[PDB]
Amino acid sequence: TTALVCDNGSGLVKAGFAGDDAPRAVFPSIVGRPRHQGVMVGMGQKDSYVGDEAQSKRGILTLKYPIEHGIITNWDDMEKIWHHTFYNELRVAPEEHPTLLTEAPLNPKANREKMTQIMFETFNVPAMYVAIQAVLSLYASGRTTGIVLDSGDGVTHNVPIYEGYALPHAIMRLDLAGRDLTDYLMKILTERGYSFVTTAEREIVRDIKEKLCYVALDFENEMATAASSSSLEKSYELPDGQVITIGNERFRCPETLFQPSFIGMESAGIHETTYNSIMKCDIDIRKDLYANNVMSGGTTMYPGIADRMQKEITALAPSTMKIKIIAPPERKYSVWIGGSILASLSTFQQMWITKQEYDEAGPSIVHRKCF
Amino acid sequence: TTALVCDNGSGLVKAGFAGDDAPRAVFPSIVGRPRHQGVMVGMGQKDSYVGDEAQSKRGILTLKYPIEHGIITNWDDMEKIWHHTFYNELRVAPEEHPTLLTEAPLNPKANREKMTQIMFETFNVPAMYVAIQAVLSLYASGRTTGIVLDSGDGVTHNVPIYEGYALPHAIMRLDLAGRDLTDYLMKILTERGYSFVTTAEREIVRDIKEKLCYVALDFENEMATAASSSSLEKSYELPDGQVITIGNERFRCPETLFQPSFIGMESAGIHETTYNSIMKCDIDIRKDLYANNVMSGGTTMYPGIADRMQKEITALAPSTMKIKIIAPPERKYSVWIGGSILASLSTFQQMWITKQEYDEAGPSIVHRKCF
Amino acid sequence: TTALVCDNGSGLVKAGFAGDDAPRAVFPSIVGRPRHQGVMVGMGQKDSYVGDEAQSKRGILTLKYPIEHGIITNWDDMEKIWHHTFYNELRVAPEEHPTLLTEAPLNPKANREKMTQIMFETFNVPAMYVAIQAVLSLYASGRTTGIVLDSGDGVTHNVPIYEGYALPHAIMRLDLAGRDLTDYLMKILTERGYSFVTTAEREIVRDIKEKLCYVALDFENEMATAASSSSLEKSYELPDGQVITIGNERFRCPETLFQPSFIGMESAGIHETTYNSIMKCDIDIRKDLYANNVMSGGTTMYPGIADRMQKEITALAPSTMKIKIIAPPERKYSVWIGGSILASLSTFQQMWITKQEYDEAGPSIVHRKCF
Amino acid sequence: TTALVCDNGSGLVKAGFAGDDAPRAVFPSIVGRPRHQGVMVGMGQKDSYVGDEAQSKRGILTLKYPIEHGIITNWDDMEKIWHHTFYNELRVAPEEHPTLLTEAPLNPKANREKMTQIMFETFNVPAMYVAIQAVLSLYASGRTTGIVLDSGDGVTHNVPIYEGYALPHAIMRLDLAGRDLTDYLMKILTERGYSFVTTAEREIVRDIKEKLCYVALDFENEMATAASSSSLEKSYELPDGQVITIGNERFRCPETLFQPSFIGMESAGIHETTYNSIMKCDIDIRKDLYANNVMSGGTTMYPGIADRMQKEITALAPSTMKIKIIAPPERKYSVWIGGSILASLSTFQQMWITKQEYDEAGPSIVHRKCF
Amino acid sequence: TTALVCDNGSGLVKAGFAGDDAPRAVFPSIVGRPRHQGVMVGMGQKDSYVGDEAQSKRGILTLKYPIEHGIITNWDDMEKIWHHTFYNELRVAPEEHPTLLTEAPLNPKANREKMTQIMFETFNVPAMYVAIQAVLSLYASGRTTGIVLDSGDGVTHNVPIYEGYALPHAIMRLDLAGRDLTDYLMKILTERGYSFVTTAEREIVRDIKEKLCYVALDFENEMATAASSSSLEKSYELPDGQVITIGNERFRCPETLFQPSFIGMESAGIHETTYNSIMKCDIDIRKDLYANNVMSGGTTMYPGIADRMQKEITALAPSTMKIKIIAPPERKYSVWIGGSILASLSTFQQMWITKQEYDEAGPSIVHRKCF
Ligand SMILES: C/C1=C\CC[C@H](C)OC(=O)C[C@H](c2ccc(O)cc2)NC(=O)[C@@H](Cc2c[nH]c3ccccc23)N(C)C(=O)[C@H](CCCCN)NC(=O)[C@@H](C)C1
Ligand SMILES: Nc1ncnc2c1ncn2[C@@H]1O[C@H](COP(=O)(O)OP(=O)(O)O)[C@@H](O)[C@H]1O
Ligand SMILES: Nc1ncnc2c1ncn2[C@@H]1O[C@H](COP(=O)(O)OP(=O)(O)O)[C@@H](O)[C@H]1O
Ligand SMILES: Nc1ncnc2c1ncn2[C@@H]1O[C@H](COP(=O)(O)OP(=O)(O)O)[C@@H](O)[C@H]1O
Ligand SMILES: Nc1ncnc2c1ncn2[C@@H]1O[C@H](COP(=O)(O)OP(=O)(O)O)[C@@H](O)[C@H]1O
Ligand SMILES: Nc1ncnc2c1ncn2[C@@H]1O[C@H](COP(=O)(O)OP(=O)(O)O)[C@@H](O)[C@H]1O
Ligand SMILES: [Mg+2]
Ligand SMILES: [Mg+2]
Ligand SMILES: [Mg+2]
Ligand SMILES: [Mg+2]
Ligand SMILES: [Mg+2]
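Protein chains in written order, with the working numbering: chain A, 10 to 380; chain B, 10 to 380; chain C, 10 to 380; chain D, 10 to 380; chain E, 10 to 380.
Among these hints, one or two may not hold up.
Straight-line alpha carbon distances no greater than 20 Å define the calculated EDC-like cross-link-like pairs of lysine to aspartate or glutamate that follow [what the hints assert, rightly or not]:
{"id": "1", "chain 1": "C", "residue 1": "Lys-331", "chain 2": "B", "residue 2": "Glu-246"}
{"id": "2", "chain 1": "C", "residue 1": "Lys-296", "chain 2": "B", "residue 2": "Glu-210"}
{"id": "3", "chain 1": "B", "residue 1": "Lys-118", "chain 2": "D", "residue 2": "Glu-62"}
{"id": "4", "chain 1": "A", "residue 1": "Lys-123", "chain 2": "A", "residue 2": "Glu-172"}
{"id": "5", "chain 1": "C", "residue 1": "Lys-378", "chain 2": "E", "residue 2": "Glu-122"}
{"id": "6", "chain 1": "C", "residue 1": "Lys-220", "chain 2": "C", "residue 2": "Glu-339"}
{"id": "7", "chain 1": "C", "residue 1": "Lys-296", "chain 2": "B", "residue 2": "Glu-212"}
{"id": "8", "chain 1": "E", "residue 1": "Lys-196", "chain 2": "C", "residue 2": "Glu-122"}
{"id": "9", "chain 1": "E", "residue 1": "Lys-118", "chain 2": "B", "residue 2": "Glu-200"}
{"id": "10", "chain 1": "B", "residue 1": "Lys-331", "chain 2": "A", "residue 2": "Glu-246"}
{"id": "11", "chain 1": "C", "residue 1": "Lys-378", "chain 2": "C", "residue 2": "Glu-112"}
{"id": "12", "chain 1": "C", "residue 1": "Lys-289", "chain 2": "B", "residue 2": "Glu-281"}
{"id": "13", "chain 1": "A", "residue 1": "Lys-243", "chain 2": "A", "residue 2": "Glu-219"}
{"id": "14", "chain 1": "D", "residue 1": "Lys-73", "chain 2": "B", "residue 2": "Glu-281"}
{"id": "15", "chain 1": "D", "residue 1": "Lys-118", "chain 2": "D", "residue 2": "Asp-85"}
{"id": "16", "chain 1": "C", "residue 1": "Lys-289", "chain 2": "E", "residue 2": "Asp-184"}
{"id": "17", "chain 1": "B", "residue 1": "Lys-55", "chain 2": "B", "residue 2": "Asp-30"}
{"id": "18", "chain 1": "B", "residue 1": "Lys-378", "chain 2": "D", "residue 2": "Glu-200"}
{"id": "19", "chain 1": "E", "residue 1": "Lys-296", "chain 2": "D", "residue 2": "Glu-62"}
{"id": "20", "chain 1": "B", "residue 1": "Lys-123", "chain 2": "D", "residue 2": "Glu-200"}
Chain D is nowhere near these chain A residues, computed Cβ spacing over 12 Å in every case [to be verified]:
{"id": "21", "residue": "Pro-117"}
{"id": "22", "residue": "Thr-131"}
{"id": "23", "residue": "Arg-201"}
Quick caveat, the hints were computed from the structure, so don't treat them as lab data. Ideal placement from N, C-alpha and C gives every residue a C-beta, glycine not left out.
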């Protein structure tokens, strides 16, 4: 009846209905299991906990993420998350509405084929479609031309779009994402003697990162300042009441996005990746892509990311070029919003894969580009 | 028919039926034998006396405790106690009801294996189960999360439980218990010239301890006060009418629980043991364990123990943490009560070791964790 | 057939049959011999006289007591007494009934071994047993707990018994007895010019003591009163019609029992001896022993002994203790009665030393404690 | 003059001079203090005992380890150990030779900064350097490529090295180490009724572990065998002459290294940790790392560890890959030996931090990577 | 000037000067008073007699011991003994030398406080110290490690010492001592008809014990032998020329030390007490304590005590343990000798309580442990 929109982002499930300006259900993409004992099956105990349950009880659970680098590998856990998304969070049977899913570009074909099989055989979804997140993000901004840099939990990717058309030969993908920034920070923090090694401890570091980190406009000068100025340090209170101090780690973590070599990657930084995607595009397109660099995704939340990227692109770009970073306060939900918008358009209504077409055509249909 | 509950606590047998809010049979875990002469077997004399008999006639008997540090070592005497518990105190044949027994954690495997053999071969018990006392105590409070400090006659132990799950790597056990506090007091009292050296005299000191001792909130200031203030002294009338005066011994005895070094132990005090058990638990669990420290067992009867423990944990705990000591007027019977509750639950009804399963499986079955 | 009971008390033989509530034969334990001439063996004259004969003819006989301080030393005279007890007084052959004898505690082993040899070799007694008098006295009262103070002619002794058991480490024995009280009075009376130096004269003093003496409740005040009040004096008529006056000697004689130093002893008085025996007993026993101090034996006949002992024990005892003196009108025969009772019990019937066991085991059997 | 090499390993100090093929001074990293009384300061008594003294007198001392999980926390005790290492064991003044120290990777920066301050301000060391143990261990083997698994007393760590270069993004660290294996065994042994709770008792368990434990090649089959076969049990004689029997505990203890969940950890087993470190390395490096897995450190002493690790890596590794475990009889001293070798090289002679450079540069110099 | 050493042992005063290898003054701790008459104060008569006077005139005196179970209760008599020790036996004014006193462990605090008050207020002693006898005895042997069993007249005690340190939690005290052995023998001897009931008679029994008793290596076999062999009997000549025969009483008396139940005690025998004190000590200490069991005190004079104790400890000890009894010919004076040694050491010279410190600090100073 109303298209259902579900962004199976790494680390976070965002879902709601088309026409809604926000997801209704927002919870971690986490499935947890008991760590220290078995399940008291003859008593009030469960085999697994999901999303908010997984977080509330995280101190006794081993937590797993079914999605790694944007690819679903743990299909059983992925179904558990969907099972709750549909029946406990949105509380809607799948048989009632068509569903729009999202995906990072350049994944295994199997990832689409398996999501499709599940949505038609485990959940009886009337029709479905799987969209690229960068495209939806641009729909959310309302522009037809620009380059979208979606930097999430598992994948960072750049998809230039011009006058509504994709420029696929220029799509670039990095493995570096929020999951790695968290892991890097866990390692950085051992320098101050704070050792976080368990899964729940990983979740704490993630929370620290989210509240304390920022992007230095000038890393070296910020670091030189940090070396002597105590004004850089901030305290953080841990769940058990202990208090720790975070210093230059507040900006050394996100710096990884500009310098991937910090974690051993040969990868381009986000400002080099963006630049190269633009350079792979036609000379008469480049002007507009520089003019409209569009940010989206949770890692773009670090304060100052917009200014640092403006500086870096400007430095790489021709001196007579106008460079602008577009970074609305709603970047975190850009994909979800784009989903809601697209799902409600009369043009999109013609692109759905119905169950009947799927059953007759088979899995190859998921690679259909109807438009 | 009705599960029978029997807490074979060191120094005291507490038994009754499931569904009863109190034990029906409460008597000392003591077997006595004549000290000065043989048994007039051709006349009205016995070889041994048990429980109340052992106490009423204690002046002519050598008394023994079959349980040391929570471990049954004198199996013949243990059977004599059970023989009376079933046939003279509760006056029920074992063949009529299933029986729930209790145990301290981390004992020899043999202790469970031997109790089981006796309950199926000497007493024909239809089915049985042996539970950990800390767990039962938490059932009695009705909470699912908290740390239970059971401090009895032979063992003091700490078992953290979270959301119904055990956290076994954090179980801590101390040897210090009520039996040692009594022995320490017997030694302290020689300072005033009161020498208690026989077994019956030990029982008198135990009675003195029970009526006069308290926990100083501040040991050093209480002691400094005691040094000059006569208001600290209390009289006690001995069974033969002689009267003695007890001074600072009233609080020096229980202080041992906070300072085990007084009796030569390297052991943590009860407030350090509790704290460390909490620190061995996951950071996202610790908050609730601090919030709910649950006391149980006879040594927690000393007036003021709740306030002294509150002070000590608070001092060790983070300053932003909420610490609360839970110490109901019924702590002495918490294990028994938990026994009654568990025994009546439909979940527990599935966990019993039946005689038939025992006979086929053998003794290894006692280590079964059905739940 | 019927056990024969014979109490070979110093100075007096009391014998009868088990089941009889009184001895049938009561006569002095005295053997006399002619003093002034030889025996007219060719005429109607005897070599010796026994018991009543010894008393009726005492003015011409030297009289001897075969028992000194409870120990038989003159075995030939002891046999003469037994010879008459069996054949002239009870008129029963020893071969017809088993015999129960009595003894003071802590005597030479030989005393039991010799009585046994005589009873199996001179008198053909089927079986025998030698009992402690304090024990029999307690049987006579019917109590199982109490301390018995048997004060007879040759020995005074204290045997605490608790719940039917002996407490042998607390048995105390004094040499002071009725024989000494008589000798002391003979010496006191020389003060009034009445000199009694022969054996028959000793018997007269014994008779005077028996009729005139009493225990002062308060010796010093009684003596101070006696110093000026003629109401204290009593007359006594001697066998030859002469009349003498006895004054404060009436209470100075029995006072010796409270003050043994009057006759040169280091010994405890009877109230100190009783007290110390109780103090040597376990603290949880002492309460009952104070509650039941049981008197027996001929020296307890002095009027007022019960009240004086009540005063003295009360003074030594704790102020919150209940002290009671048990002193029935039948104290003089308590041992004999206890003998009759024990002899008739089915438990006692198993404890007898038979002649056959004696002949095979030898004399060591007399120290058997069958019970 | 000659570089001094000192491996401040947790639980054991190994020191000697560069060029020496073995440490000269090997003693426990233990500082002990009197447990039952104060120090008789006016007599022949000490405040503390160190190393061998701490062990010889351990029955009266509380013993402490200044190093926990590879981190020095008790700096005063650490200086006492160094004080003896230099003046009593090696008997060399620090002013005479430069010193090479060792460290686990990923520690607090402060650990290096504090060791440096002590070595320049308390001990006047001419120059110093602090090396990573895994690196030294590889120098000891003589290889330039391989992965080193150093498993000691407080830390287990994996540092892949390729063609002389570190691959730091793949360094993995576990908390599980010999100290935990000992604690686990102390808990396992309560099953047989052997309770070790004091510090000296901990040292006994450590000795038991060292002589009796081995790694099962197949844990489940070894355990199933142990269940019925008495050939598994071994006796051990305790210091006081008592004898105890150890059964399957001989292999259940070291099994923890393959299954850390036995002690509540979420940690990878040693064979998973090694495997993952290799997988984090470049695909063209992995082949050599599989070929050369190098073991070092005291926990690798358990007999059979080499074969069990060979089995586990082989199972995880590709089937066409050659996997080899390198485990020389000298693994226990690999770090010390590597120290001696490096210290004598002409390349290393250029890397020393001199006192003068330290005084001018300050503590940040300890993080210098001169090479 | 020279420390004075005075061992106020129960029943015997041993005193001399530090540096002397023997006491100069050795006499009974006895105060006697006239028994049969008053004091002829207008003639050559005294109110009391002390020590040797008390013994020479014992037949007319009641003798008292001011010390019972190691505790001074008759303070007036204690001063009379000290009065003679200082002025008639050593003939030294107390004002001239500092004095070292001895004490049994675990006495009333008052015993030290009162001895101190007397030594500073009745006798003007410059300085004093009160030492534990077990400690001094070990000084006399010259060992620093061993367990000392001091068995004297009123108290038997066991104080383990390791490497010069006390292990106070393992101090054990028995009431059984030489005074009880004497009383038991007085009771045993009534079996042969020898009744000793006065105080002087007690002294005779003490002399008999000292010359005739021995410890059976094997009590039951010695007793079985004694039952038929006349070679066991020995004669003894009494002060009045009468001769008595002592048989198995020669070994039944000292047997009490191994079997305290003979006199009604629940107490451990001396070999059980020693064993338990060792078992209460740390496992790494026990080996040396078994190796060095040190005997001291007058009751260890019975011939054969060393061999019987060797047998008993060996039987209780582990079979691989080396057990040795140390029992020099000088055991009787070990405490005195240790006193002389300690008193002369430069370390001890710092531990004295001076009169000035006492006057300012008050009685609590007597519990000072300066060392
Ligand atoms: C915030 C946080 C910890 C800090 C607690 C407190 C507020 O601060 C300190 O006290 C710092 C203080 C400090 C000590 C010394 C110094 O030279 C400089 C610093 N660190 C230590 O003791 C460290 C030591 C440690 C253990 N393995 C490590 C691995 C790498 C680095 C350090 C460690 N230790 C006990 C923890 O990290 C523990 C447990 C880790 C192992 C679990 N298997 N971890 C936590 O609780 C988590 C939530 C992290
Ligand atoms: N303010 C913030 N700063 C840094 N990281 C953030 C912030 N907010 C969210 N994140 C990170 O973004 C990721 C989730 O955001 P999102 O892009 O929605 O993930 P996904 O699209 O994979 O669901 C997490 O890694 C989270 O820590
Ligand atoms: N009010 C009290 N104060 C101190 N100790 C007490 C008190 N009441 C009981 N106890 C002690 O508690 C012990 C018995 O209590 P309990 O915990 O039930 O023992 P158990 O569980 O071993 O049977 C005894 O050591 C007893 O002296
Ligand atoms: N009423 C009395 N007052 C004082 N003494 C008495 C009295 N009656 C008996 N006796 C004394 O008691 C002794 C005999 O009593 P008894 O106890 O039966 O002696 P035994 O038990 O030795 O045969 C004699 O010494 C006698 O004088
Ligand atoms: N044969 C062995 N088996 C098991 N553990 C051992 C063995 N030898 C030594 N160990 C353990 O190794 C640790 C000390 O070795 P080492 O690696 O040198 O420690 P560190 O490097 O921390 O000084 C201790 O925990 C010790 O018990
Ligand atoms: N050879 C011996 N055999 C048995 N007992 C002895 C011997 N010598 C002395 N005694 C006993 O030892 C006690 C006195 O010795 P001692 O230990 O010096 O006493 P104290 O230390 O109390 O002064 C007395 O009880 C005495 O009888
Ligand atoms: Mg996303
Ligand atoms: Mg209990
Ligand atoms: Mg009588
Ligand atoms: Mg190491
Ligand atoms: Mg002595």
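Evaluation of the provided hints:
no. : hint                  : verdict
1   : C/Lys-331 x B/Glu-246 : holds, 14 Å
2   : C/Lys-296 x B/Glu-210 : holds, 14 Å
3   : B/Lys-118 x D/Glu-62  : violated, 37 Å
4   : A/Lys-123 x A/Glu-172 : violated, 32 Å
5   : C/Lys-378 x E/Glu-122 : violated, 50 Å
6   : C/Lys-220 x C/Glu-339 : holds, 17 Å
7   : C/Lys-296 x B/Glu-212 : holds, 16 Å
8   : E/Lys-196 x C/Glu-122 : holds, 19 Å
9   : E/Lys-118 x B/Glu-200 : holds, 5 Å
10  : B/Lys-331 x A/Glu-246 : holds, 14 Å
11  : C/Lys-378 x C/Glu-112 : holds, 14 Å
12  : C/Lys-289 x B/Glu-281 : violated, 46 Å
13  : A/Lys-243 x A/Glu-219 : holds, 13 Å
14  : D/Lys-73 x B/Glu-281  : holds, 17 Å
15  : D/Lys-118 x D/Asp-85  : holds, 19 Å
16  : C/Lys-289 x E/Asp-184 : holds, 14 Å
17  : B/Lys-55 x B/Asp-30   : violated, 35 Å
18  : B/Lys-378 x D/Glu-200 : holds, 16 Å
19  : E/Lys-296 x D/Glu-62  : holds, 17 Å
20  : B/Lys-123 x D/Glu-200 : holds, 14 Å
21  : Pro-117               : holds, 19 Å
22  : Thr-131               : holds, 30 Å
23  : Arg-201               : violated, 6 Å
In summary, the structure is inconsistent with hints 3, 4, 5, 12, 17 and 23 from the numbered list given earlier, while agreeing with the others.
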